[PDB]
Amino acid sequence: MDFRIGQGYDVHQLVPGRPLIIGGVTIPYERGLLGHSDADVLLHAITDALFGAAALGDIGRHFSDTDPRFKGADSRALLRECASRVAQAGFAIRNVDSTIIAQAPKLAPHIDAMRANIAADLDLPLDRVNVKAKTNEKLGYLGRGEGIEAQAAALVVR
């Protein structure tokens, strides 16, 4: 009954000449997310929520933007290592919920695929993983398609 909650936030710039990879899904698009790793904004947000619930710090502490080993890193592999460290700390994951905010492209056709990727990576059934997709209703840099934002929440139990 020793439950804990975590929350996560991530954002990356949307630039030409990068792969667009969200929830481990490679999505056809003229632009992609800029970062040190594969820049998977959704997976990073979830990774942060998990480290946070376990009180193990954050993704920057565990997988630094200034370490060559993670240059172009597969964020699913990073998520699986996160889950491993959370389990090592003594916690089991109960559920994950998340939101993705993007003006474009359409993400609804890819949501189930993202959900399946996360569930596999966390060794969870599909019914304990949720991914929600939204636009920013034309507001701000997100409305101008300058970047894509992700949010996450995770429940664990020690």
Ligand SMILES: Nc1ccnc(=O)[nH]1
Given for the second form:
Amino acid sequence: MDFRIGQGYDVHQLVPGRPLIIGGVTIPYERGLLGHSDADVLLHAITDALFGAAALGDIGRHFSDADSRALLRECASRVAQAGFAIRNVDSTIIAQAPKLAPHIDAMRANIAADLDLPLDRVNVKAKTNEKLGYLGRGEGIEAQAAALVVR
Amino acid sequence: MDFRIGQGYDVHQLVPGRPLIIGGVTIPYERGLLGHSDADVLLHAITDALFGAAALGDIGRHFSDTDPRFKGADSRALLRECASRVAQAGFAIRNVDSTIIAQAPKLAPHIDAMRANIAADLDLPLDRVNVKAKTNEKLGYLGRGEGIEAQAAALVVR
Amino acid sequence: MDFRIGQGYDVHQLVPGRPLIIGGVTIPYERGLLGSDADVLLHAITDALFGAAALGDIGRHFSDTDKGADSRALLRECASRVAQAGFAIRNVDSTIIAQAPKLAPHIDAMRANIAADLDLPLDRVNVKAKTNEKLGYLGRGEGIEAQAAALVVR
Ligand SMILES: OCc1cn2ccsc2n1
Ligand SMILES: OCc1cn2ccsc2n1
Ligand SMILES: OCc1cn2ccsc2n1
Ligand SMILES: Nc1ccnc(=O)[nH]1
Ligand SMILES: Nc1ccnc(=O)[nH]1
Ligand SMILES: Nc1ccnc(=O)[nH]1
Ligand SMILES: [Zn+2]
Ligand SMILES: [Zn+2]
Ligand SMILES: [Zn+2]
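What about the form solved in complex with 6-aminopyrimidin-2(1H)-one, after the form deposited without 6-aminopyrimidin-2(1H)-one?
The next block holds the full complex; its first chain is the one shown before.
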């Protein structure tokens, strides 16, 4: 019936002395993402896609720059409050390193639990940047997301 | 229930001596976006998402940067023509979402006005239109303030 | 009804010595993409189809070991796995970002290839072309990016 689509984008720098947390998963690595929160680039992109589908603005407006899962849960709350139900989420992480493949199902599990969705409605994809640009040089990590909701 | 989705992308350089026009809003700034038309990166991205959802090709095709009739073209006029062609193809627009990526200036004070322009041009209520603002966290040409990028998504139904 | 959306991204470097193949179409150029055929557009569309189906990604379905298959063979196999998970493809839209060469003359051919491979009416497949306005590695002609979106229904 009243379907809406949303899209999200995020990028953070990789810096020494920070933990690397993506999709709620702490991944062993010598650098981590820099941000005012835990800098979970994946969760932020999904969050923006959800706000965007519900026409509620953006993550910058809702949570002025701690735990990104808490923010994702709050986002899901605001989406429900606006009268929408989430139908599915898809996403991509662009990181030259480290290897993300072993952690993906954990990420999906986290996101599914945070959005109160079954696993089959949550997806997370991994890509390198084929050594191009700042992502290619491992200076940051990007995430992209898409969300479908219904009123 | 014949739904279709589309996506769009655009980027333009930020240069001295040009109006900064994003989402139809003239924003006070010392630089502006360089292009053949008014170079409204956000409206272009949305226009491409709508043409894309309707499988009508793209804005480069409909409103060519090689055709002199679009020199300094009002991108809201282009967006309204896109919406007309989308309607004529048989599609109704259900919603639009978008992102602008810029180091500067601060876009937040202008976002609501952008949403209102897009809503007006697409004949949608405000609650079916969204615009989001992002920095690029200081990375790359966007982080260096060399250009501004926009992304869009649209849902339509035949 | 049970609609789902998916999105996809891909980028390959652009250097002398390889054919330029985008959307199944070989395009005369002084350079080409590095990868198989390195078909950036087919890869992104393949990723958006798997993501709409919540089946992971092209890296997981089609790794470097398992044959030699070109990117259209992968798109078709992608499409068959999507169907067995219960989903029908409703449409695909995409954008190729390349500073050069001119892609517009080749779009009809890419759409035809994609629609054939996905068994879709032509009017549910779209491909768009963008430059990067001379910004970044894309704008210096050091690589080509593709973006895709797909809608499916169970
Ligand atoms: O652009 C990086 C970024 C800023 N911000 C504010 C809330 S979540 C988030 N990610
Ligand atoms: O890539 C910048 C660009 C080209 N073009 C043609 C019509 S609107 C527009 N934006
Ligand atoms: O990053 C370029 C790339 C990697 N990969 C794996 C399967 S298809 C494909 N394209
Ligand atoms: N960093 C990564 C990129 C792509 N695939 C992975 O598994 N990891
Ligand atoms: N350029 C901007 C990025 C993020 N937020 C803003 O308000 N403006
Ligand atoms: N490389 C290209 C970018 C934009 N339009 C084209 O036709 N080709
Ligand atoms: Zn973030
Ligand atoms: Zn433009
Ligand atoms: Zn590829």
